[PDB]
Each structure stands twice: as structure tokens, then as C-alpha cells.
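Given as C-alpha cells, the chain that follows is alone and in the form deposited without coenzyme A.
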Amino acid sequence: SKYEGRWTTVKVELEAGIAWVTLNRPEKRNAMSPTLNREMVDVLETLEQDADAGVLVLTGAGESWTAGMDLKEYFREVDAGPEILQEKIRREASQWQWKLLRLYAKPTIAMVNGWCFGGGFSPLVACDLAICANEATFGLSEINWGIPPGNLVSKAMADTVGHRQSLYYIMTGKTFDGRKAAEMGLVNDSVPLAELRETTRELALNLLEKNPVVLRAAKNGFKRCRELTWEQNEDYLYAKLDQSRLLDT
């Protein structure tokens, strides 16, 4: 494999234009350690410039998507350093989870095969589209660990899940399954685990057929237009269209 052995906590496999990105700490339910965060920044920067990768799928090894932030590894790394290390460690989490990922140049799909807890909600929603297994379990367990949702988790909910349901799951920390995730709008679809890869693959190959520059303008302009008024968007959306026409040539 082009990327075999390159990262310790992540695996990347290219197949016919699809970059399958697997969070790969299965014994730790792919908990996002500071090492995983630095490696995932490198994965996204590398795949952005890899002409053979037209779409990214973000999935988890084993029975986990990600259980969220790795408590042990964060604090061993923070407590060993001055205050300023926490600022860098948070930036590294943000950098892959949404600063590069949410407005990524290439289309992105979360393939949620299992556990998706806490911090995993940020990259889940930064990913453009999402398919889960029926068998997947989700939760915002932060409240039961004595922290409010950290990083962009609460905004990830605010963008995808209705006000009342967002507050219910944030406030109670109750778990929910793949069907509920799809019903609430957190993902596009929930399917049996045995059909997850094929469902994700057909969507990925659909996106691969689109003009990349046009798809980028369309998906990323939509995300930004949510934040702008109609008068502001007249200007912004026509600028993205004209920008698309320049960069396609």
C-alpha cells in the first residue's frame, strides 16, 4: 500500500479514487490521543495533495468509530509540560477535526461503524456526509464525566440536530443508536452494518464523478452560506460560482 506503515494510530488505503482513512487504536476504541491528532493533520494535508484521492471516508478500526478524546494520553502530555502545551494540543485537535476537515478541498464522508462518543462529534459533522450502522451507538457522555462538551462538539450538534434533541442529549448524556442518529439529522442514513461499506462506497463513487472544483465550491459554499444573510449571499454565492469557473479552467 502507498501509505502502508506511515502512521502509528491511522491507516490509509486508496481504492479507485477513494481514500479510506481508518482511525486505528482499536484496543482503545480509537480514542483521539495527541499523537492521533498530529498524525490526522498529516493525513489530511498529505491526501489533499494526492491526485489519486478524490474522496475521503473516515471510519474506525474494530467495533469503534471513536470513543472520543483519550483522557490518559492528553493529561500525561499536558501535566508533563508548561501551560502553553494545552494551547498547542487543543489547536492540533481542532486542526484535523474541523479547521482542515469541515471546508476540506475534497468531499468527505464519515462511515460510522460503531461507538461514536463525545469529541468524535466534531469530525463527524465536519465530514460533509455521514452513513452509520444501525448497530452504532452514539452519546455525549461529557456531562457524566463532569465536563461540558469540549472543542466544537456542541456546535456540531447545533448545526445538525434540532434544538430540543441537542439539549436533551447534551444535558442527559443518554446514548442513541444509528436509526435515531439518522432520524435526528446527525447522519444522512443508517443501514445494517453488513451494508455500511457498500452504501458508503456507492455514495463516494457518486461524488468522484463530479468536477472536483465545482463540488468544492458547492459543498463549502453551502456550509458558509448558512452563516450569511440573503443580501450577503447574493455577493458570496455568485463569487463562489465565478471562482469555480476560473479554477475549473
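The term rigid core refers to the maximal set of C-alpha atoms that superpose within 1.5 Å between the two forms. Residue numbers count along the first chain shown, from 1. Residues that one form lacks are left out of the comparison. What changes on going to the form solved in complex with coenzyme A:
- Core aligned; the single run of 3 or more residues with all CA shifts at 2 Å or more between these two forms is 73-77.
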The other form holds:
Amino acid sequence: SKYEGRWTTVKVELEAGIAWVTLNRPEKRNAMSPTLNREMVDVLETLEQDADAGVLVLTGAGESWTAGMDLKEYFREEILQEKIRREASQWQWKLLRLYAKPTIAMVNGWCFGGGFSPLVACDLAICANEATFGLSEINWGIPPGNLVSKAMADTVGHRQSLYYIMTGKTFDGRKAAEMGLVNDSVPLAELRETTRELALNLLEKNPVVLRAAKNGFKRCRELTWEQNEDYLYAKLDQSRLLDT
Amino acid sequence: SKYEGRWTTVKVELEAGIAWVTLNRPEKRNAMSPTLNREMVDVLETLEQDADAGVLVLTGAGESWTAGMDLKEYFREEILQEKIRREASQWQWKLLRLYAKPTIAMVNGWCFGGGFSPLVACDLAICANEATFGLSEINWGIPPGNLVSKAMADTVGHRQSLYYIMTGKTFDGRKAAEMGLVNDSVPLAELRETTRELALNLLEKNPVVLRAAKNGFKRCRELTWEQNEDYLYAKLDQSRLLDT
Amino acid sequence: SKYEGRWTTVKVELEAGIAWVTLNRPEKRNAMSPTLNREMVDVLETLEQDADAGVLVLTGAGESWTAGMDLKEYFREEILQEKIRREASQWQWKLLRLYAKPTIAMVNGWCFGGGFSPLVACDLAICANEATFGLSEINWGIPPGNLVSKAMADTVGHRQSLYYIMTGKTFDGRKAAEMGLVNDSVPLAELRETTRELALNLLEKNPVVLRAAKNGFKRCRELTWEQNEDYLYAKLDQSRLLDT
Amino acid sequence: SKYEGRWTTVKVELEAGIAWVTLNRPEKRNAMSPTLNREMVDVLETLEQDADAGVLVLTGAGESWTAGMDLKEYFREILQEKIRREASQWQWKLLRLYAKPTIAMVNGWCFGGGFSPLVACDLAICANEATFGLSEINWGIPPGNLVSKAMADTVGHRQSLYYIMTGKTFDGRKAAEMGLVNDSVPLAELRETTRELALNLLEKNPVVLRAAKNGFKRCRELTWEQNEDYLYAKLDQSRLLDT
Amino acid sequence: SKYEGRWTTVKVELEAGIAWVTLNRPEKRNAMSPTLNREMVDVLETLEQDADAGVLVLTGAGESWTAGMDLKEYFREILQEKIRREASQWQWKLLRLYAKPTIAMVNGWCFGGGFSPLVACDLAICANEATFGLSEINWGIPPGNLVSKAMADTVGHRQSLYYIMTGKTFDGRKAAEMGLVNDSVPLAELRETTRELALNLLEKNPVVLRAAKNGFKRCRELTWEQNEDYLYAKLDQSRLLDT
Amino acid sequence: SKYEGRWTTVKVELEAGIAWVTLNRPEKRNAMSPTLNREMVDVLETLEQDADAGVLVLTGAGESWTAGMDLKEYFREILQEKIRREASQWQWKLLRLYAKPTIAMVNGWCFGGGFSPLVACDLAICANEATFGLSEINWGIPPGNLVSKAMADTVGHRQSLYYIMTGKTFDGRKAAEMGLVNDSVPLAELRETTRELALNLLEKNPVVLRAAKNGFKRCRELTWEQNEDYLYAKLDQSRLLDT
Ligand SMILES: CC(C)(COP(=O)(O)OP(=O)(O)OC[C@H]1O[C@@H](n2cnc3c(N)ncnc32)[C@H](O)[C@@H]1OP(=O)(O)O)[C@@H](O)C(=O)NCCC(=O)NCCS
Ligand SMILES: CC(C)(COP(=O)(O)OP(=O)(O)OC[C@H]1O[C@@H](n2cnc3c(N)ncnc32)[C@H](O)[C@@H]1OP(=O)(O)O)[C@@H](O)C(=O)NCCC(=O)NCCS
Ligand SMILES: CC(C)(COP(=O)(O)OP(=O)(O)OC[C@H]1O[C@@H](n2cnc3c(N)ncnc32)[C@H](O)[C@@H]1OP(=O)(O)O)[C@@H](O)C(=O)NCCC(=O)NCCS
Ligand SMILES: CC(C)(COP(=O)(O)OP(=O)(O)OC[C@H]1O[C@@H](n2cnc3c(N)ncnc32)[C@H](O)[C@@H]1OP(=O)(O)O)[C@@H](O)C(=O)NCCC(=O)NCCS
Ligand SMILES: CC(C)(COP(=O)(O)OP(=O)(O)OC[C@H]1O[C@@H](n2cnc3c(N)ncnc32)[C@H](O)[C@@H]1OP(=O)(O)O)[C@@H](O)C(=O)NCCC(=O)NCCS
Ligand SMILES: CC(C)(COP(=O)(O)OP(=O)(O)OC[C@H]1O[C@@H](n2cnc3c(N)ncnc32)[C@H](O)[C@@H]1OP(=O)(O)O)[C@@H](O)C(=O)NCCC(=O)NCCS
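Now that the form deposited without coenzyme A has been shown, please provide the structure of the form solved in complex with coenzyme A.
In what comes next, the whole complex appears, and the chain from above leads the way.
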């Protein structure tokens, strides 16, 4: 297939304009190693230029979505660590959150802290009732890494954010949905199907418009109303120009 | 009556200190034309100085609240367009959001993107279970206009905001309420009544205080705690001075 | 006991690493007088250095949590008033909100505006179904004082925030929970018990980590994603250093 | 003339694309009254749509630019929320991000409230002879409207706070040292230097010049990382508006 | 005297409304120790409520302003969260938005941590002879507390970063070029120039001067559009607090 | 040599810890093309991990620093989202908060897009002879990428807007007046002055210097009250990374 064999820790399947992306260390519950961070940068930069990819789905192999950063690795370690950090950032949110194409997280199982940044950076998100979530950094004796805290701060109310961050307790899919972490939670049985219907629906939209709408909305969150009058019109006009 | 005949696209009725404002193009589902934007600036500046107006209700004629910006008009078109944009801003949020008197949106039917700015800029909002809402800019092939995105970003969680913005799907009143877009949703039958009870309740309050409370709260959202200690006390003291 | 007799308006009990703090003017429904503000600064600075205190609970004597600022006192009054204001700030949020140790509000009864700042500045919060809440500043003819508005703006959606601020209406514990003001609401009967279980659970955590996690999360709310990559890593590294 | 007789407190002479706008209450040192505020809103809004108007220059009749807001009026409610708003509407809400280039030509006394539209103008030329101060403090009031912020955005905080705190005056040469103006030239050559520059700005594609100047001013409020998005959005917006 | 003997590391002479506040460990070049921090909090809090105190001047005993934080102490936990907080409490949390005007009178060496309360003061006068540097870098540590931000807010980033990165020193004349002070005058006339100015600030309505200076400093953090609300709120607040 | 032949548009000579980095299309006045962008990303990323590299200097081959972005290319979509991103990636995303000290050594013409990596460098030395302008306006486009913001962060808004609006050029002496560089010295002594300073920066603990310079730059975006948390977090972070 188009990309079969291109990466060791990640696989990509194109189907009807959908680039399904699977994180591919099922035996390590798809933990995010530096290898996998470097490959995921490449996968995103590659799919950005591939005109057969209209929408991405992010998912994980086996029963993990991801189980967070690769533990048995941080233990290892240092100007190198600077660049290891940047390459986690590069794919998890620097590219993904304001991606030029629509993104959806399809959360099939374990999502554990670290995995929350790229979850939140996806435009939308469906999970399984049977998925299981955790900000268990605290039990391993660290505070959430990367933009995990910020992912939560934009998404979950602080009463609920701080409980889960400070206690380390797990929560099920239904609960991720109550808290507004995902758009919805459906039986695993119906997950891939439901995600796909949505994926197809977004392919129906003018993709230069959808970009400006979705990526303009995200940035407008950080600006004042009076600043946004100017920003969001500049993005409306930009959209007009890049379409014709 | 006091203001009967003063505007072509908007009507105003005073009753017990309540300025009921009706957008008045029912045959165009109260779309917001430049004419109607210019008149609504005037209506707000006029009602600001009218001491018989203690609280405003914003509502629309017939079965529309508003159906958003006037389509068959944007198609038309350009230094003019600059000023057409400003005059939409002037009434929809520049005057309305930090209005000197309490404001309530009474959403009786269709509310479609564009109509969301002045909906959110109103201090409070009641809708009918039977009203119907949409950010269908995307199906017409544009991103939300004016401060629509920002209206949503301050009001609805991003999972839900982006679904509705990116898909274009409609939602009913009950759902606007779940998402915190309105204070509540009641049968159309009871709407005008329920709105009025609330309107009367706000008339009971010292209006220089209510201003400082409501308009100070809105602005405090953009400031840090440490900045707000100084801002909100300056607004408390201001309130004291402008009252006696 | 360790601190018996140290303050006139506040009492402190240590038990299993928990500093239970009781506001202690039950006959004035624990209103917050300048005396009580000065003592609460001292109580927080004192408990910060006491290594037998791992977590704080904030609660009030009798049937009040607090009934807000001391009315019969503001009536009294002025460069003095400057310093009276600062000392309310000092304990209610300047020290409490980014406190070095975990904090929990245990809301046993009346909480009325003013009491909302230190409620929200606590990391977490449990209330009784039978507690009763109000932003009734408006009926007394003032806008919320201190950081009350801001407390609400960070916690409750604006539809709901502004209703309660502008109307002055009361709400019960169950409702504080719906609005995300508290983590949960339980019968008064089970309150002290439920709070304690949680308090013990947080004592199990590395306290230099918990600090950086909880106090880093709060501050990340005010920063952009790109700013937070640098901030939250600096806080991760800080945490590493202050632990060993 | 086009505009001759249209405004009681303001006078507007079009000449070679330039729109010379003269504050016209010299009997009051052009003090900024509620009347002069409303008219100025109109003037700006009229000149925005006048295609014979490429640049604006703002200057004062006589030996006065303006001596600030009208003290006689100050003296005394909801009506005050409007008069403030009208002061703002022209002195910076419209002026600072105006659709066309703007220059302040400061011929004489510029005190207090006058600093806002001074700063709000894209560029500014004064006279060696012109004299400024922030006298609000001597009148027993703190700088009003956006004056403080005008100062904060352009003058170093040590110098800013000397003049706000003492209310001492300064002349055109000091104005230039501080960064409050582009240059200070003898009153003699002031109209000439302003005209030269105004002519230069007319050479430029008007839509581009808009994006350039109005994008730069906003870009101060934004971080680099936010600005990558904003300024590129203004680039494309600029391209879209050309024909 | 009123305050004579009240503080071990600080000395406070009231004279004609002026409150001369002297950092008083000249044997240590007035190095800012945890003791001197706690006392300074008290001093500021005491002088806030003293109605005979209209202005403050902050200066150092001997030939030293301060040579920064106390290196002997630095050397070594939760207690560190307090000592930092106390350093902050006086050097800017209270000082920078102090209820009364504040002037730094810089008589001698001013290094490192000393720059925060330098900047935090509304105004500042130094001596030609006084010498400054940001030597933290030579000690193998980056500027501490709010030092960086002191520099960011007042000195251009090229100059700011030369001195933070190299740790080179500079004298009073350079200080003034950069905008770090209001002026640099021979040590001879330093006490005189400071007194003159201090006297001028006493002429002013105290409540108004507060609103004016403390509003200006905050207005830097805000946009124009936000500032319309903030500064008018400080205007009215100012009016309300007068009698 | 280590890097000799590794890059087609850029040349990198290591000498005594210093990493002289030369933009190397002198036939095009080192115009910044998509090729030179990609290579520059690589160069920076390579030099970050090279332990023989302590400082960087960025300079241009011939009598040109760079004359900005490559106009021949500009001319013509999703691919444009990448080429912009690559321009950004090196000119400020990596450079401005680079792990090692950075100096711009400006030997010749510096126009337009070149101002971003100019500003983004921690420090900068130019030649009396070198010539700059913001000519985008004459080309019928507004400053691109982060140029505006480069200017907003370092040059006073009056001067910033003169040069953005008119597109007039200026020489090395003006550059220094405005705060765009640290100094302007005869081309003759330029390499010497740059080397001296570069040598000085190598004296410093590298990890500390990082925290110091990169903390200072970020601290501009933050308020004092936020900065108390941020900068102390960078202090401790700095201590943690030393051995
Ligand atoms: C996800 C989880 C529940 C899986 O449970 P499970 O189905 O029983 O699978 P196991 O726990 O047996 O782990 C299976 C393998 O995955 C590995 N693994 C799981 N999470 C991992 C991580 N974050 N890093 C590295 N390896 C991981 C285990 O080491 C184990 O390796 P091995 O059996 O090949 O030696 C569990 O691994 C877990 O709780 N991880 C928590 C991660 C976390 O919170 N990290 C901090 C976030 S940044
Ligand atoms: C509101 C709506 C559902 C009404 O349905 P309806 O009750 O069947 O009424 P119709 O759709 O028949 O439209 C009735 C009239 O209203 C007009 N109208 C409705 N919305 C309008 C708009 N935004 N601008 C201009 N005219 C509009 C139609 O042109 C039609 O005109 P005509 O019959 O006089 O020729 C439908 O008009 C609509 O979906 N509009 C969407 C607007 C939108 O999303 N705009 C972008 C937002 S800024
Ligand atoms: C809390 C409350 C419901 C208690 O009701 P209750 O159980 O009947 O008790 P009472 O109302 O009889 O008040 C009991 C005593 O508490 C005092 N008290 C209550 N709230 C107080 C306050 N905020 N300040 C000072 N005293 C207060 C009353 O003066 C009364 O004093 P006294 O009986 O010793 O003369 C009622 O006191 C109240 O509504 N306070 C509102 C406070 C408020 O909204 N303040 C603005 C917030 S900053
Ligand atoms: C500008 C100034 C130096 C002019 O010098 P001058 O030649 O002496 O002229 P005068 O002001 O003495 O007199 C001319 C007229 O201008 C009027 N005027 C001047 N400034 C004014 C102001 N700010 N508001 C209202 N009227 C003003 C005077 O009332 C006087 O009118 P009158 O003759 O009807 O009484 C001096 O008027 C001045 O500084 N005034 C303003 C003080 C100020 O800065 N206020 C700040 C508040 S924002
Ligand atoms: C200010 C300075 C030039 C004074 O010149 P000097 O006349 O040579 O005086 P010296 O410092 O040599 O000696 C005077 C005393 O002041 C003390 N001192 C000076 N600066 C100090 C500081 N920052 N912390 C603690 N003690 C200090 C010395 O330890 C010495 O005490 P001792 O005599 O008990 O050993 C020089 O002391 C200096 O630069 N010191 C501080 C270095 C610095 O800037 N540190 C920055 C960290 S924020
Ligand atoms: C820098 C400058 C003064 C050099 O003076 P010069 O000695 O006359 O050199 P010239 O530019 O005339 O010619 C040298 C070559 O450099 C090329 N060049 C110069 N600037 C360039 C740019 N910005 N983009 C692409 N190519 C450029 C020319 O096309 C020419 O190539 P050619 O000989 O293959 O046609 C002048 O080239 C200049 O200002 N150019 C750029 C204009 C600009 O600032 N654009 C801003 C857009 S960001």
C-alpha cells in the first residue's frame, strides 16, 4: 500500500480520503518513544502534502490508544533531552493542533498522561465506553509532562481537572464525555464505524474553509473580542483568497 | 407609541421599564442587512439615554430570531465593505456586550451564524424548546463571520463548539441549554412570560450597581487574578461614586 | 493542643497530617472581619512551615461556612481601607490559591459572596447537599467584592455566573456541583468523612510533586500552549530539583 | 470648497490627495469639547469614504494644537458614558487603525487629552517651538482617557512618569528625544516637511500601506508565536484586497 | 527620632514630609539578606500608614546602594519559598504600586537583585560615580527574582542582553542613556536634586498622584481597548477618594 | 573541514568554539530561498548537538547579509504552508530561543525578511557601511513573516513606522541609534569586535547563559506577578541542569 513499510512504530492506511493513523507498539501499549515521536513528525508532514488525505484519524494498535510517554526511557537520562522534548512537542500539538486538515482522535483503549496532549490537539474525538483514562503521572512521582496540564485546562473544568491530576484516579469513556474531553463515547463495537461517518461528513466540506474555521476558532480562544474582530476577519479574507 | 415609525427593519416597545426590541424583516427571517445594522446602532444609542428603559429584551419578528447575515447582499461585493463590517460590530457586540443596561436575548426561532454574536453579547438568554440553531456558515462555504467563533469559544466547550462549526448541524433549544449557550429553554408558549418575570426582577436592582457587576464580570474574564484585584476594586469604587 | 489559643476568630486542629481550619465566629455566621483576615494570613504562613501539616481543610464553625465579608464594618468607612483590602486578598487567594500544600474547602452551610474567592482558590472542594450559596452582593447594593467575580469567571459558565450575580438568587449544594463550583455534594452527615478520605489520599503523594502539578496547572490556564511548553517544563525540572 | 461650512469646530481642506484637518476653536486653544468630538467622528467617517483623500494631517488653528479636553464641561450622568465614548471614538478607536495614513502636525500647545490622538496617528511631526506637558496632575486629576497608555506605548517609563507625576512642560526637541514624534523642525519649515512626507505616502499602494501600518500596531499586543498566524493572515488579506 | 533604633539593617529619617530610607549594612555593601527583607516589608507597611510621610527615597549607607542579594545564605527547603516571597514582598509587590511616590537615590554600587527595587520605584536618580552591573552570570547563576523583568520593562533588549550575558559593569551616565534612571548628576549634588524633586511631589494631591502613577504602570500590561475601561475606572476611583 | 561541502547555500566554519555561519548565495545577495531555509533548519539542528560549537555568528557571503526573501519563488498552494513554516523554523522558532548564544554580524545589505533572524539573534553587530531598509512597501507588499514583530519589539513605533511606511533605507549608525544592533563599527574592525565578544560568551557557564538569555526574552511577554513563578522556575531548572 501507499505507505506500507515507511515507519517502524506507526502505520498509515488511506481509504476514501481518510488517512487512518495507527500508533504501532501494541506490546508496549503504544507508549511514545523518541523513535515514535520522530516518525509521527514525518507522518504529519508527509500527510500534509498528500492530496489523497482529506481528514486524519488518530488511533492505536491493539487495546491501547496510548499509555503515555515511554517510561523505560526517561529513566535513561542531556542537550539531547532538549531535542527529545521538542520532537514530542512537534507532533503532539505544534503540528497537530492547528493541522491544515481536519483531525479526529479515535480512542480505543488506554489513554494515559502524555497521550492527553495529542488527544486534545485533535479537532474532535470519539472514545469507547470501555476505554480507560488516567493522569497517573502523580503515582509515578512526576507532574504531567509537556502540555498535558494545558490540554486539561482548555478542556476540563478545574474542579475535575485537579481531582484527576492530584489523585491519579482512572475514569471510563462515558466520564471523558461528561467532562467534555471527547465529543462522545460509544461501544467499542460501533467505534470505527461512527468515527468514519463523521470523517466522511467533514470530507464533504471545502477544505480551505474548514481549515480557517477550525484553526481560527482555536486561536480566537487566546484573543480578546476587540482583537478578534481584526484577527477573525483577516482569517475570513485569507480563506477567500486561498480558495479561488 | 414612543418610537413607532422610527426604523424600517426594527421595532421597539416600552412596557414597565422594559424596551422590547424586535428585529423586523420576518419575510427575510430577520436576516441582518446593512440597513438593519445601521438602525440597530441607532436603537441602542437611543435606548441608552432613554430613562424609561431599565432593561432590554432582544427578539425577532415571526418565527425567526435571526437567520444570520443577509446572504443576498454579501454576494453583492469595497472601502464601503470596511464600514459595513464595523457597523455589524458596533451593534452586535461593541455596544451590546458591555451595555450600560441589562440585556436579555429571547430566542423564539431560527438563530443562524452571525446571530450568535449578539446572542452571546446579551447578558442572559432564554430560548424556546422549538427554536433551532446553526453555525451553517460551513455549508455556504465560509468560516463564521465577525465574532461568531469567539462568541462560541467563550460559551461552548471546544469539543462541542468545533463539531457544530465544522459539521454545520442544527441543534434544538434544549441542546443550546445543555451547552450553556442559553440560561434555559422553555416551551414557546411560556417564553415571553418567563423572559418578562426575569426582566422585572432585574429592574428591582440598583442599575448603576448591576452595570458594574455585569460589565465588570465580563471584562474580568480577560484579566489575571492579580490584575483583577486592582481592576475589580477600581470598578467597585467607580460604582460607589456614580451611584450617589 | 499544638495551636489551641493562638487566634481569636480561627481554630486549627492537626490530625494525621491534616490541618483542619475552622473559621470561628459562628454567632456572626463566620463573617470575615479584618481581625479574621489578619489571623488567617498568620494561620496560612504558620501552617506552611509546619511539617506535620500535609494538607489543609477549610471549614466553618456551626451552620456557616462563611456568610461573606463583615457588613457591619464596611459601613464603618481610609489609607487604612487600602490595607484592609490587601489583607483580605493576602489570605483569600494570594497565599491560598497557589498554596504550597494541597487545600480543600469543606462547605458545611452558608457560603455568601466574598466567601467565593477562598472557595475557588482551594484546589478542591466538597459541599453538603444542604449548604446554601449566594452572590447577594446585588441585594445589598454592591457589585461582588475582591476577586469574587473572577472566582466565578474561572469556575462557572457565564450564562450561570451572570444569572446568580445579577439576580442574587440562592442555590443549593447539588447545584454548586452541577455548575462545577465544587467537586461533589454529599449529605452533611457524610461530609467530614468524605473530605477526610480525600485528604488522606493526597497525603500519599510526593508533596513537592503535587505542588508543582497543582500550582503549575492553575498558572498554565493564563498562558498560551507555546508559552506553556517552556513554563510547564521549567516547572517539571524545578520539581525534580526540589525533590531530591 | 467640498467641506467648507460643514463643521463648526473643524475645518478640512483637500489639496493634492492630502486632507488637511484643522481643529478650529483657536479662541479656546482648540480645547476638545463634546461638540468637537462628535464632529471629529463625522470628519473621520466622511474622509474614510472620500476617494480624493489619500492621507490625513491633523493640526490646530492658531498657535495651539489642542490644550486637551474642555475643562468647562467636565464640571458634571449616563450622558457622561456617551461623551467619553465619543472622545474615544475619534481620538483612537477610529484614528489609530484608520483605513488611511495619518500624521499629527503639532504647531503649538499640546497638553493632556491631546496626547491620545497624537500617539494614535501613525506618524507625527512637531515644531521646536511647540510646547507639551501632562498638566492633569496640576489640575488635581490623573491623565484621562487613553493618555496614560498613549505614553506607556511610546515613552520610556522613567521619562513617562517624570512628566505625568510633576506636570512639567517640555518643548519640541524633547518630544523627539523621547520618541513622541518622528522629528522636530522649525515652525517655519513644519508645513513643508509634513507635505513632503504626505506626498511620499501617496506614492504607496493604499491597501498595502493599510495592512502594513495597522498590522504593525496590532502586532505589539501579540507574541511572536501568535503573530506568525496574525501577520500572514494580514498578508493574504492584503493580497485579496487589490484587483 | 520616630524610628531611630526600630530596625537593625535599615534606618528611616523623616524630614519635611520626605521619608529617607537607608539600607544599613554598609559593612556588607547593604547586601539584601533575609533579615533586611523582613525589616523592609515592615518599613514599607509602617511608612504607608505614617501621615507625616508623603514621599519615600531609598538609598544605601556608605559607598554602596546594594550589591544585590546575600550570597552567604544562598548556600541552602520549604523555608526557601518564604525567603524568596519576603524578598519579593518589599522589592516590588509593595514598592512598585506603593500608595505613595517612591524615588531610588543610587549613591554607589548597584548589582544583581538590587535592580528590581530600582526599577519598581516610580522614579530614580543616580550618581555619575555609581557603578552597576548584572554580574549574576559571572557568579554562575542567571538574574534572580524579577531582575530580568525589571530590565525587560526599561532597557532595550540589545543593551539588556549585552549586560545580562557579559556581566560587564557600567557607570551612572550609561544608566541614564539606557532609561534605567531619570538623570545622573555628580554625587556632590545627588541629595540636593533628589530633595528638590521629592518636594515637588509633595505639592501634588496625594490620592490623585497615586491613581496617576499606579494606573500608568498597570496600563502597560493592557491593550488600548481594555485600558478605556481600566483607566476610567481609576479616574472615578480617584474622584471617589478625595473628600 | 567538519562541514565543508555539507550545504549548497550555507557554509559553516568552526574556529575556537565559535561557529561562523555564512549565508552563501552571494550571486543573489544571499536572498532567502526555500532551499536556504531547509538547509538553515538542518544547520541550526546540527550545530545545537555539536559540542565543539559554543557560540554562533550569522553573516553573509560578499557585500550582502541578505536582501530578504527570494522574490523569484514568491510568484506562486498547500506547499506554501510548508515553505513559510520552514522560513519560520530557522529564522526565529529555533534561533530566537536557541540553546546557545547567537550574534548577527551584519556585513552588508539587510532588507525585509532578513530583519526577523536579525532581531531573533540574542545580540547583533553591524558595519557603519552596511545598509538596511524595509522595502517591502516599494515592492507592493507589507512586511512578511515576523518582520513587523521583529521591529515592534526593538524599535520605537514612530521610527518603526517611518521605515515600514516610506521604505526609506538607513545605514549602520542609524541601526544603533534605534536599538536594532548592539554597536556599529567600521567594516574593517567588524570581524574583530564580533570575535572578542564571542570569546567572552564562551567564558560563561553555557547552561546558565541559556537560562539567562532565553528567560529574559520570554519574560517580556509576562507580567511581574506571573514572572515571579516563571523566572524562579528557570533558576531552579538552570541549577538542575549543571552536574
Ligand atoms: C497501560 C497499562 C494499564 C497496561 O496494562 P496491561 O494491559 O496489563 O499491560 P502491562 O501493564 O502488562 O504492560 C505491558 C507492557 O507494556 C509496557 N508499558 C506500559 N505502559 C508503558 C509506558 N508508559 N512506557 C513504557 N512501557 C510501558 C510495560 O512495561 C509492559 O512491558 P513488557 O510486558 O513488554 O515488559 C499500564 O502499562 C500502565 O498503567 N501504564 C501507565 C503509564 C503512565 O501513566 N505513564 C506516565 C504518562 S506520561
Ligand atoms: C432560516 C431558514 C431555515 C428559513 O427557512 P424557511 O422558514 O423555509 O424560510 P425560507 O428558507 O423559505 O426563506 C424565506 C425567505 O427568507 C430568506 N432568507 C433566509 N435566510 C436568509 C439570509 N441569511 N439572508 C438573506 N435572506 C434569507 C430567503 O431568501 C427567502 O426569501 P424569499 O422567499 O423572500 O425569496 C433558511 O432561510 C436558512 O437556513 N438560512 C440560513 C442562513 C445562514 O446560515 N447564513 C449564514 C450565517 S451569517
Ligand atoms: C447567613 C445568613 C443567611 C444567616 O441567617 P440566620 O441563620 O438567620 O442568622 P441571622 O441572619 O439571624 O444572622 C445571625 C447574626 O449573624 C450576623 N451576620 C450574618 N451575615 C453577616 C455578615 N456578612 N456580616 C456581619 N454580620 C453578619 C447578623 O448580623 C446576625 O447578628 P446578631 O444576630 O448577632 O445581631 C444571613 O446572615 C445573610 O444572608 N447574610 C448575607 C451576607 C452577604 O450576602 N454579604 C455580602 C457578601 S461579601
Ligand atoms: C494652552 C495654554 C498654555 C494656552 O496659553 P494662553 O495663551 O495663556 O491661553 P489661555 O488658556 O490663558 O486663554 C485662552 C482661552 O482658552 C481656553 N482654554 C485653554 N485650555 C482649555 C481647556 N483645556 N479646556 C477648556 N478651555 C480651555 C481658556 O479658558 C481661555 O478661554 P477664555 O478666554 O474664554 O477664558 C493654557 O491654556 C493651558 O495650559 N490650558 C490647559 C491646561 C491643561 O493642560 N489642562 C489639562 C486637562 S486635559
Ligand atoms: C559591590 C562590590 C564591587 C564592592 O566592592 P568592595 O569595596 O571590594 O567590597 P567587598 O565586597 O570586596 O567587601 C565588603 C564586604 O561586603 C560583602 N558583600 C558584598 N557583596 C555581597 C553580596 N552580594 N552578598 C553577600 N555579601 C556581600 C563581602 O562578603 C564583604 O564582606 P566580608 O568583608 O565580611 O567578607 C563587590 O562586593 C561585588 O560586586 N559584590 C557582589 C557581587 C554580585 O554582584 N553578586 C550578584 C548576586 S545577586
Ligand atoms: C540588496 C540590493 C541593494 C543589492 O544591490 P545590487 O548590487 O544592485 O545587486 P542586484 O540585486 O541589482 O543584483 C544581484 C542579484 O541578486 C538578486 N536578488 C537581490 N535581492 C533579491 C531578493 N530579495 N530575492 C531574490 N533575488 C534577489 C537579483 O535578482 C540579482 O540576480 P540576477 O543577477 O540573477 O538578476 C538589491 O538587490 C535589493 O534591494 N534587492 C531586494 C529588494 C528587497 O528588499 N525586497 C524585499 C522583499 S522581502
